[PDB]
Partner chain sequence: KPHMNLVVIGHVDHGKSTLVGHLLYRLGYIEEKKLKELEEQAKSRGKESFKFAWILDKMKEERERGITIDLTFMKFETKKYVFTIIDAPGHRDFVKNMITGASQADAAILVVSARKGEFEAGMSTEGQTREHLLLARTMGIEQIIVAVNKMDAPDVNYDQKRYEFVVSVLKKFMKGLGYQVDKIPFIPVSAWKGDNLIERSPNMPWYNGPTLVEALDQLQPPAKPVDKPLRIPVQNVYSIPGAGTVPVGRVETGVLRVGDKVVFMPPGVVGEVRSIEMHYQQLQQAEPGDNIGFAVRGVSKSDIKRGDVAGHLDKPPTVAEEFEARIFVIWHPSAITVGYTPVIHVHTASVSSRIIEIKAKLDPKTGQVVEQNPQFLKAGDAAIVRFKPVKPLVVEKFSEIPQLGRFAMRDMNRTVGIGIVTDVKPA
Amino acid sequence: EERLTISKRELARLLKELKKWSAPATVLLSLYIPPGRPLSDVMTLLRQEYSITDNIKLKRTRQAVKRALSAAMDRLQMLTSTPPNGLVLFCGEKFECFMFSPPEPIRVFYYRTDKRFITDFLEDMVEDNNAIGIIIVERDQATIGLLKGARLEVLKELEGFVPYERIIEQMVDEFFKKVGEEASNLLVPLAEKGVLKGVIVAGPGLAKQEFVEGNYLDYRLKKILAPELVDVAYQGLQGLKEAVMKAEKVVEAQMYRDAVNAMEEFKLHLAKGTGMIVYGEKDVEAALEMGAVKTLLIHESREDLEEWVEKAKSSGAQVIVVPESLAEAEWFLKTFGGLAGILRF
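Just the chain, alone, in the form solved without the partner chain, possible?
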């Protein structure tokens, strides 16, 4: 029935709580059913899986799976045919059987028992297609990173040995192929899912130009290379940040630059005893009340996060959510309880 369908807005809410689920043994059921797939087929498959469970030497575990399997069968015998976007079920133990139709049509049947729910397919359509890949390249060292909204992370770091120029050239060549392969394995699936919109290549000196001109980078990634190479001095998280801040022509990076610029502006006011900031709940409240706040900075680990968002909607304040991964995030949370405002007066 079409009544089972939920939006991307509800899917994500649910996702935050599905992601919470865990178990010692592989006893949490995940089940995705495409529209093309008759429920009688699924029913036979679950029934087979049910007989197979006797193979589980281990009382509690064996029981656990049977119970979840039965719950899913119960659920399916409530329906006549799969909804138009398919069905997904998660069941297990505190026992529950989540069942719904996703905003997006699923196409690949999937069944699994694990120590957690498999949310894979669902996160991909709850997910803004706004990811940027970043490759920092040096002759003998590299960093591969990923930016989504304000979240920046290191995916992989690599090193090579590189002490006439012939042997050394060949050595650098080998390292660039390793970097190229590593980057491609990490980024190409993202690009294929449509999630990856671009790739920044950065680094000190000439190596990044050499890297880009050669065959190292898969053509799917080459296609969406940001036009301009970015000069950056460092590797690791630090170099990734620098490349993102300096890639001013990439639009998908603005949300991150906004968060960083806001944090720096906030700190500059602090450092210069300017009085152009507010902190402490009572103060932030009163500042908001008279429309005195231009930007509200809120650490994402605050439980009252959304309340301050509402309050900032009206009060006419821009909200910057500070991710836990932001460099100053922990300092911000420790010294200001993860709540502060920059004032317009």
Contents of the next structure:
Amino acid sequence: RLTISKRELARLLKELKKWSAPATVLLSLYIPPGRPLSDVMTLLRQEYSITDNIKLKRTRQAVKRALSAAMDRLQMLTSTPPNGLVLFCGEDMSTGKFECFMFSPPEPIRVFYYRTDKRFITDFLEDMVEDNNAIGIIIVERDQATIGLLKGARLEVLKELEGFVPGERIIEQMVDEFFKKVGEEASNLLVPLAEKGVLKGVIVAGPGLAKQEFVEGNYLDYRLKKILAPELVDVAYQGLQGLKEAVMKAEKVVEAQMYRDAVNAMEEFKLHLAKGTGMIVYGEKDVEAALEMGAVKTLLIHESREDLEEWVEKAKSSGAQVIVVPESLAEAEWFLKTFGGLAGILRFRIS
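I've shown you the form solved without the partner chain. Could you give me the structure of the form solved in complex with the partner chain?
The next block holds one chain only.
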């Protein structure tokens, strides 16, 4: 009922980090699973008692309010969800809006944690969503480049560049100069991520020789250079087309295996459809049915489903490989409108 996914978490995290308060009046609360909620309740109550010691009225009220709204959202639960609970509550000073967020995280919380601060304390949740497996991608041609980024199954273009290398006003560039330009631009985008430990690798891609010269030269900052994938990937196109081409072909980089799995599953899903094999189960009933039988070899779930976590859970036990179809994937919306965003591929027939 409460459990969110990692995608849903990352989105929320983006809002929560905007919240601020002039004093230590934002409530952050983490309850590990299996804590009698009547014990958390006793603690919030002791906290409430202490509030009258806060001399500044507008501070003391903001804290009483947040504790009450928390004790309210809690009063409604019988026990904690499997991964525990986190609550963020208080009023944002710049906007004026007061909210009490409550949810269960994708992964379980291991300590009880209570804090009032000028901001929500989200560190544990930031650590939970950054997988530290980002791959930088640079596609180089003699006169074109594309810089993109891969995390998980999410592929994106960060920057496209076209130079002035030839095939009043006069403009003209040597290949060497466009490469330096490309390098600097890639560095500004990628070197920051490399420092946060987010970026684990850089793929260099493109058609023919230009990519080899770009690597051999002194264009790319040494920190990017240290995490270069060994194999250059030949691709013909720029932009997202080019990025997809490069990711699919980079078989020796493990951080890309997730995107490949997402793309290949959707392709196997479509194959089955086109060949009229009838080895595809959909609908919650039949999916649940097939799952209970251990029939499902691969489950495909649209990231926007609310019960996403329920099914992710069910699959791991049932014997099914999971594939979360992200909204960025080409087939995403069709898979949501036409199959409700939930379908499995059978390893054996039911009927």
